[PDB]
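Before any questions on how it binds or moves, here is one chain, the form deposited in one PDB entry, in structure tokens.
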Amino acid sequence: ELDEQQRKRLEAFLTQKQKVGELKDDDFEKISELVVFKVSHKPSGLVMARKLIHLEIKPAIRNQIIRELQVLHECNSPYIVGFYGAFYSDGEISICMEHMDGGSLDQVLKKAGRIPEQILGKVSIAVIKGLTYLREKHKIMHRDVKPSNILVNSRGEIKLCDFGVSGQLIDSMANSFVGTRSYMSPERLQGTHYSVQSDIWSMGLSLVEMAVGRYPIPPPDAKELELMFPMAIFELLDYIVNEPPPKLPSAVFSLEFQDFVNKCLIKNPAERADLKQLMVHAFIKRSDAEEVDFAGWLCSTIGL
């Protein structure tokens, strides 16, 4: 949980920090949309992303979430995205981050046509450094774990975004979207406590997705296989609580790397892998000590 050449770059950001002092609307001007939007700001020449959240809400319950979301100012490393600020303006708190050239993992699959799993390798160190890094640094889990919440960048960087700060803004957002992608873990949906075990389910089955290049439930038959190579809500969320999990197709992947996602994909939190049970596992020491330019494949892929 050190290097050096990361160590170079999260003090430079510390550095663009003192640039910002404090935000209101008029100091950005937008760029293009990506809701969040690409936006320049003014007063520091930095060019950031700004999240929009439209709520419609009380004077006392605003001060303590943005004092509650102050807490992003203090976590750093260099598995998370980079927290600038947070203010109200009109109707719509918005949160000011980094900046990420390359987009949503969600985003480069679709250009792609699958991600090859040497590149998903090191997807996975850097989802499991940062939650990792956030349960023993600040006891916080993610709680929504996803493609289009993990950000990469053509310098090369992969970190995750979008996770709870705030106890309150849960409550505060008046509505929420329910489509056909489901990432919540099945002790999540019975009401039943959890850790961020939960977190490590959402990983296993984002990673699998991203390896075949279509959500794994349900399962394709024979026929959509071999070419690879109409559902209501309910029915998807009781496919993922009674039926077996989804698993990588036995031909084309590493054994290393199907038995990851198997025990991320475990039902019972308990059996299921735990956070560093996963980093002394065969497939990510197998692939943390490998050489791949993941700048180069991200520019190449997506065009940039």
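Think of the rigid core as the biggest set of C-alphas that the two forms share within 1.5 Å after superposition. Residue numbers count along the first chain shown, from 1. What changes on going to the form deposited in another entry:
- The rigid-core alignment places the CA of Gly179 2 Å or more apart between these two forms.
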Second form
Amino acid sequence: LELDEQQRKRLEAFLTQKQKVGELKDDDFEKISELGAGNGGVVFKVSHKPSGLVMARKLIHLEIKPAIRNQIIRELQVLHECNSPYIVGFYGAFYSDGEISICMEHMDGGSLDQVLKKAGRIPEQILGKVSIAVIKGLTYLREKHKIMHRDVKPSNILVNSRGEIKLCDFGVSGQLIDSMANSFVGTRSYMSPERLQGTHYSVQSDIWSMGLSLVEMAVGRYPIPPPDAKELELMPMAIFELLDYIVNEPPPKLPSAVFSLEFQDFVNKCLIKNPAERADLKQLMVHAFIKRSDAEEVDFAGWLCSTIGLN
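Form deposited in one PDB entry already given; the form deposited in another entry follows:
Here you get just the chain by itself.
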């Protein structure tokens, strides 16, 4: 799995720090400030009292029949087996007050959506590295536990000042998906055209989501409908016409003047409507853009902390 030693020693450090904090319950924790809210939940920076560590706690509020509530908690505990340098450090899952809480790593810089609004645009040099991180996370996930992510978007890519990139909120539990997560629709859509028409989808849908996300971060704007010609130089629609656009119109593409062929082609291959012809992860891993950025020399942590103002 090409597991670096640097990586295995901060993986070891947090699995053994994992049993040092032990077990879990509500009043062990204490608030700090508002990290945010979405898809039926709020997550807050927390301090655990037995162990001075600061964590991030995800509370979502679900009054339903308790049988499926416990099926959810037991399906969610598999997060304990999921451990890679590219998937958020998971610590524990518990039921309390009919409010499921997930305790995870705190990520200093938040989500690439958050990163993006202050940063305005994300350079190409760096989007190379985040792309490698995402394909690694998705392959790790597909090979090791045989799952797919089902919810890839910039607000689910998390960054820290130590310079790592990892994915949060992947679809680990089927019950929680069918009973809560499915019912939400936001103001934007990252869903593939084959998921929207309800066929069987695969990790291909995730390739599509990642491609749309890379466009959004590269140009600073949610990419569909495509920016108008004058709006492009500077750099009101309901949800159904968005979905109908996604299914019945050409996909976004990066502007041809600004980014290399390798990047334009990477995203063009992620955004092919037919999932059979869309690149899979094996193919994306050996793509020109990837071979370039993997062998490049970027100091990520520096860009991040001078982007947002950390240390």
